[PDB]
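Could you put the whole structure together from the sequences, leaning on the hints where they help?
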Amino acid sequence: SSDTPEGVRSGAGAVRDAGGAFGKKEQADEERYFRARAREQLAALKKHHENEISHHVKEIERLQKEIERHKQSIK
Amino acid sequence: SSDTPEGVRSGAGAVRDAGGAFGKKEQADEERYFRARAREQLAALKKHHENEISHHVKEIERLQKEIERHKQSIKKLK
Numbered sequence: 001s002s003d004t005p006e007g008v009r010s011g012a013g014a015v016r017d018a019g020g021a022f023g024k025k026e027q028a029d030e031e032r033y034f035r036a037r038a039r040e041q042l043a044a045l046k047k048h049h050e051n052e053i054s055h056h057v058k059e060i061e062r063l064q065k066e067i068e069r070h071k072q073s074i075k
Numbered sequence: 001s002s003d004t005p006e007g008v009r010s011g012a013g014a015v016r017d018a019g020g021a022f023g024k025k026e027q028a029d030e031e032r033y034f035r036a037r038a039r040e041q042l043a044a045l046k047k048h049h050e051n052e053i054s055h056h057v058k059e060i061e062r063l064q065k066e067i068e069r070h071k072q073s074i075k076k077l078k
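Chains as they are written, first to last, in PDB author numbering: chain CJ, 1 to 75; chain J, 1 to 78.
Hints listed in this document are in silico derivations from the structure and should not be mistaken for laboratory results.
Please note that the accuracy of each hint is not assured.
Here are the computed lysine-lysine pairs in the DSS-like style, where the Cα-Cα straight-line distance is at most 27 Å [what the hints assert, rightly or not]: (1) J:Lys46 with CJ:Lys65; (2) CJ:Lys58 with J:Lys65; (3) J:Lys65 with J:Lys75; (4) CJ:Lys71 with J:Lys58; (5) CJ:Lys46 with J:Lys71; (6) J:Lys71 with CJ:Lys65; (7) J:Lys46 with J:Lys58; (8) J:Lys47 with CJ:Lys75; (9) J:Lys47 with CJ:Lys65; (10) J:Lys47 with CJ:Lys71; (11) J:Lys71 with CJ:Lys71; (12) J:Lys76 with J:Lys65; (13) CJ:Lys58 with J:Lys78; (14) J:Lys78 with CJ:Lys46; (15) J:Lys75 with CJ:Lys58; (16) CJ:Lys47 with CJ:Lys58; (17) CJ:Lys58 with CJ:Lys46; (18) J:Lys75 with CJ:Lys46; (19) J:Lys71 with CJ:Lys47; (20) CJ:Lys47 with J:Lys78; (21) CJ:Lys58 with CJ:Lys71; (22) J:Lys75 with CJ:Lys65; (23) J:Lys58 with CJ:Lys58; (24) CJ:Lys65 with J:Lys65; (25) J:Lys78 with CJ:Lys65; (26) J:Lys76 with CJ:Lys65; (27) J:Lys46 with CJ:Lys75; (28) CJ:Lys47 with J:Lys75; (29) J:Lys58 with CJ:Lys75; (30) J:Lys65 with CJ:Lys75; (31) J:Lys58 with J:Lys47; (32) CJ:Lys47 with J:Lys76; (33) CJ:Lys71 with J:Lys46; (34) CJ:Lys58 with J:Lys71; (35) CJ:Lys58 with J:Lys76; (36) CJ:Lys46 with J:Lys76; (37) CJ:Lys71 with J:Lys76; (38) CJ:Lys65 with J:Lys25; (39) CJ:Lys65 with CJ:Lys75.
Quick look at the structure:
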């Protein structure tokens, strides 16, 4: 009874709207993934938080070389 | 006419006071020539060495402030 506007139809994202045993098979499945990516990315925050100083560091060295050029021009 | 005191005689500076074709051809030739001499006398006026040192530093100061910014960024991140 779906090929008619009078016959009722369903929405998008209604499986988790019921609250059955597929809505809790999916609410828990998402926590068993996005809890273990939360410590792949909590461990690599030691490195890249030092790398953003290393990039800044890189820039600093570059700018000091330019200064050096100007200082030699003056000389 | 001119071979007597009575007749009309021409003085000095009579091509510009007429304001014709030769009077306009003379004003645009004194300007298009002394425009290039405001180029060569201004380009060689930038060759003062004391200005280049001063400019060796303004730049240096600017760069040192950038470095200061980065150093503060690091301090924070650490």
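So, going through the hints one by one against the coordinates:
1. J:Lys46 with CJ:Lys65: Given pair J:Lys46, CJ:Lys65 holds - Cα atoms ~25 Å apart, limit 27 Å.
2. CJ:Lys58 with J:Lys65: Distance ~16 Å between CJ:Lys58 and J:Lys65 Cα, so the pair holds.
3. J:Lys65 with J:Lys75: Within the cut-off at roughly 15 Å; holds.
4. CJ:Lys71 with J:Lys58: 11 Å, holds
5. CJ:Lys46 with J:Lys71: Measuring from Cα to Cα gives roughly 19 Å; hence the hint holds.
6. J:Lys71 with CJ:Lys65: 16 Å, holds
7. J:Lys46 with J:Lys58: With a Cα-Cα distance of about 16 Å, the restraint between J:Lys46 and J:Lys58 holds, given a limit of 27 Å.
8. J:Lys47 with CJ:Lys75: 15 Å, holds
9. J:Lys47 with CJ:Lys65: Satisfied, since the Cα-Cα distance of roughly 24 Å is no more than 27 Å.
10. J:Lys47 with CJ:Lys71: 17 Å, holds
11. J:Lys71 with CJ:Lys71: Holds - the C-alpha atoms of CJ:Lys71 and J:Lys71 are around 22 Å apart, at most 27 Å.
12. J:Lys76 with J:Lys65: 17 Å, holds
13. CJ:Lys58 with J:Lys78: Holds - the C-alpha atoms of J:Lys78 and CJ:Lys58 are around 16 Å apart, at most 27 Å.
14. J:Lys78 with CJ:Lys46: 10 Å, holds
15. J:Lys75 with CJ:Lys58: 15 Å, holds
16. CJ:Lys47 with CJ:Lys58: 16 Å, holds
17. CJ:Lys58 with CJ:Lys46: 18 Å, holds
18. J:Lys75 with CJ:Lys46: Holds. J:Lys75 to CJ:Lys46 sits at ~15 Å (cutoff 27 Å).
19. J:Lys71 with CJ:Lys47: 18 Å, holds
20. CJ:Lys47 with J:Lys78: 12 Å, holds
21. CJ:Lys58 with CJ:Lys71: Answer holds: CJ:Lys58 to CJ:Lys71 is near 20 Å, not above 27 Å.
22. J:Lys75 with CJ:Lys65: 22 Å, holds
23. J:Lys58 with CJ:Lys58: 22 Å, holds
24. CJ:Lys65 with J:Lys65: Holds: CJ:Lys65 and J:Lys65 sit about 15 Å apart, inside 27 Å.
25. J:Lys78 with CJ:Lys65: Holds, at roughly 25 Å.
26. J:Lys76 with CJ:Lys65: Given pair J:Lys76, CJ:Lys65 holds - Cα atoms ~25 Å apart, limit 27 Å.
27. J:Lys46 with CJ:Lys75: 17 Å, holds
28. CJ:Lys47 with J:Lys75: 16 Å, holds
29. J:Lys58 with CJ:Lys75: 15 Å, holds
30. J:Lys65 with CJ:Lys75: Holds, at roughly 22 Å.
31. J:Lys58 with J:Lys47: 17 Å, holds
32. CJ:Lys47 with J:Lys76: Status holds; Cα separation ~16 Å.
33. CJ:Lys71 with J:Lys46: 19 Å, holds
34. CJ:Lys58 with J:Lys71: Since the Cα atoms of CJ:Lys58 and J:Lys71 sit roughly 12 Å apart, the hinted pair holds (cutoff 27 Å).
35. CJ:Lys58 with J:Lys76: Roughly 17 Å separates the two Cα atoms, so the pair holds.
36. CJ:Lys46 with J:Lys76: 14 Å, holds
37. CJ:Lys71 with J:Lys76: 30 Å, violated
38. CJ:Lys65 with J:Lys25: Violated, at roughly 55 Å.
39. CJ:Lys65 with CJ:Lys75: Cα-Cα ~15 Å, so holds.
The structure shown violates the earlier hints numbered 37 and 38.
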